[PDB]
Structure formats: structure tokens, C-alpha cells
Amino acid sequence: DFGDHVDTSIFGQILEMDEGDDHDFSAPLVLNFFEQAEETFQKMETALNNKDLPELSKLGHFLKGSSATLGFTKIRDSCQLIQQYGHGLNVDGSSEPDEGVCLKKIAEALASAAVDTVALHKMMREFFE
Amino acid sequence: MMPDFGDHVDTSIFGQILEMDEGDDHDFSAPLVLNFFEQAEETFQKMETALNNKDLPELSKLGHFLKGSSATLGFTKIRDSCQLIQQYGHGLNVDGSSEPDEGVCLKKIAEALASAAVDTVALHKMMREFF
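Which chain is which? The protein sequence lines are B and A, in order.
The numbering of the first sequence is the entry's author numbering, which starts it at 45 and goes up by one.
The numbering of the second sequence is the entry's author numbering, which starts it at 42 and goes up by one.
FYI, nobody ran anything at the bench for these hints, they're computed from the structure.
Just so you know, nobody snuck in bad clues.
Every beta carbon over 10 Å from chain B, so not counted as near; a handful from chain A, in silico: (1) 49; (2) 64; (3) 98; (4) 105; (5) 139.
Below, simulated DSSO-like cross-link-like pairs (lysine-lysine); rule was C-alpha separation at most 30 Å, straight line: (6) 87(B) with 102(B); (7) 95(B) with 102(A); (8) 87(B) with 102(A); (9) 95(A) with 95(B).
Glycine is no exception: its CB is placed at the ideal position from the N, C-alpha and C atoms.
This is chain B alone, in the form it adopts within the complex:
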């Protein structure tokens, strides 16, 4: 019971596809997702010290897609914000004129994304082994 961190329905089907206790299809898939997500952060980091919103918006759109594939709705929702805010848009729905407010909320959301990553990285280690 990953609980909060993994859409119970989505991942089931990723594990169903396996044949046997090899963990033959799912473990390739999630291995790469973590290696992939770790780079998308190094970038998001560089881009926040860049103080982009465009670049950040885009990184956030992406890792939403790739994470929504595995039902990692924790990391998804964070990236959802990275996109929203990166696109100068607030949580209530109003536009966010202030560039700083975005960068702050982004950094805040990126950190909180980078966390559940390390959290799920452990949860997945314990699960697969």
C-alpha cells in the first residue's frame, strides 16, 4: 500500500504485464523513470537559477506525462504546478503577474516533487527486492 504515492489502479497493469518473479517489464520501466526524473530535476534546478518560467513550465509538463504513465500521482501533481506556474498561472485559477511568486511556488513545488521521488525511490527498492 504505497497509499498516497502511487495510483493503485495504474501501476497494477504495469505489474500485470510481468511474467513471473523476474520483475521483467515493470522494473526496467521504473528504473528508467527514476534515472529520467533525476535529470529533469538537475535541469529544473539549472532553469530556476536560470530563473526561466518557460523552460520550467515545459520540464513540468513533461515529467507529468512520464510519471502519469506509472501512476506516480505524487510526482505528477507537483509537476502539474511546475507547468501551471511556469505558465504564469495560479492555483486558484487567476494569472500570476509576479514572476517571483511563480519562481518561489515552483522551487517549493520542485523540492516537494524531488522529495516524493526519493520517498518512492525507497518504497520501490523495498518492494522489488
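Assemble the complex: chain B is given as a structure, and chain A must be docked to it using the hints.
Relative to the frame of chain B, chain A by itself:
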């Protein structure tokens, strides 16, 4: 008997941690290090929560803590991110300059935290590859 952790680890510090073992067991270090990422992973989950509630003191304490624990291993890249957490968890700039603004601190904390959260993962791998 030679890892090029490079930026991630203080060779000096980790040297003495690995000297305090007995052979291929890594009997002292591998346990202590193994727990670190158990501890670090916990610390972060709190930091996030704390940060989500705009609690500059608690963040500060968390940093102060994890700094020491990390500092002891020679995990410089992760130590220094914490140094910025705790120091800003006071309202203090990188230099020592005053930082009156909360939103300014929170951002640089999240920035630094995020960056800790990465090297953790990065090193976690590097270590597994070492062990």
C-alpha cells in the same frame, strides 16, 4: 579500493569511516551509511511538510540536524544544502547578510532542499555501486 565520488563526498572524512571497518564486510560503515539514507529520507519528508506550512524555525532545526549527521560522513554537497536551510531557517543570507523577507528565504530553501534531495538520490546510487 578507489572510488571517484568526486564532488559528492569528502575523501578525507569518509576515509576514516571506512578505516573503522574490518575487511570486505565494510562492517562498520555500510550499516552507518545505510541508515543515513533512512534518516535523510525521513528528514526531507518533514522539511517538505514544514515548508508546506511556512515554518522557518523547524526547517532551521531540521537543517541544523541533518547538516551534522551528513557532515560526519563527508557528504559535502548534501551538508551544504542543509547549511542554507538552517541558516535561512533563521532569516540569514548566504554571506551572513540579514534576510528580512520570508518568501525570499522559502524560495532559496526549496531551491537548496530540492538540490539536497537530488544529491541524496545520486549518492544513494554511487554508494550502492560502491557497495
